[PDB]
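Next up is one chain by itself, shown in structure tokens, the form deposited without the named molecule.
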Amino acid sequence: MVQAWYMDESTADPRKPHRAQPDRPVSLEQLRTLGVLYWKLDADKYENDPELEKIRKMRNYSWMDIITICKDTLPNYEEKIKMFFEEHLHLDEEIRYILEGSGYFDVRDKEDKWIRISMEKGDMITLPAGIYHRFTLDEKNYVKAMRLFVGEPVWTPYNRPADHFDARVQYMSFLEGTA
């Protein structure tokens, strides 16, 4: 089962689990109140999976590619890794389906406290436009992820503060409507 938790107060070593003590787990239902949605798939089948196709058609995920984050293969690795972990938002959904390996997507809750989401092979997530978030590898230091997009992609991050954007305003309005 996909795991998420409130983070501790240490600012060192982003790749460690950083579980708050005592444990404060976060449920998929609480994540939905933040607009964060999740599906579980068989990642071995990703090249030809009717279940993935059902989600892509439902959600209008008409575009995809594959990215591999590995200290060796990935160009500008050190710079990209730093960028990924900077708190930012996008004006579009951020949709990621983990094909191999694992990593952490952190999101702000309604009180602007960090929640860490542990994503592993088979896990698919969408972070809504406007949500403040960041990504890091975990201590296994490897992930292969499918990126999906509603139409032709724009990857631009806006590092916090980015509060003026319509996407952020609309997201804040969405938050008023959930539990």
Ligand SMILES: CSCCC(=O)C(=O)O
The other form holds:
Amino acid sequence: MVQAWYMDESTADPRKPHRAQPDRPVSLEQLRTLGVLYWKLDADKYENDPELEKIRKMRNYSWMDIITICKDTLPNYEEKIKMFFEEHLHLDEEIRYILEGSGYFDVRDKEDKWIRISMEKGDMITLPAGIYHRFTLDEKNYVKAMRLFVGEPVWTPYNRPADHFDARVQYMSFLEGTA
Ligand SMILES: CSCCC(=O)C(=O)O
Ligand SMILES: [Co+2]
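Follow the form deposited without the named molecule with the form solved in complex with the named molecule, if you could.
And the full complex, kicking off with our chain again.
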């Protein structure tokens, strides 16, 4: 199953796992209290998968494309991966389905402590509008992912602090309502 954990107190080498000691694993159930949802799919079938279609229709993920984060092939690579990793939020869901490779999504918990979520081939995640998060490659330095969106996408990150947005206010209101 999908692995998530609280992080250690080192700020060095962000692509390493940074597991807290002793281990403090985080379950899919705890992630749901943060509004973070997850599905496991057969990523070999991504071009034609009834199971992905079910999720997309349920959630109205009407838009998708594919992105490959590779030191060589990605245009403006160095600036892009810097922007992914700055703590930020969006006014829309961030939905990513890992087709190849791997990476980490870090998200803030209810006490603003970092949880690291390890995403691998087959893993699909949605980070709710308003959640503070960031993304980094892991030490394998490669990921290929499907991006999905509810309608035509707007990718704009708002780097923390971004507390004034309605999407953030509504998300805080959502957090009051979960366990
Ligand atoms: C695994 S997708 C690459 C990261 C990304 O697209 C983002 O942080 O917005
Ligand atoms: Co983001």
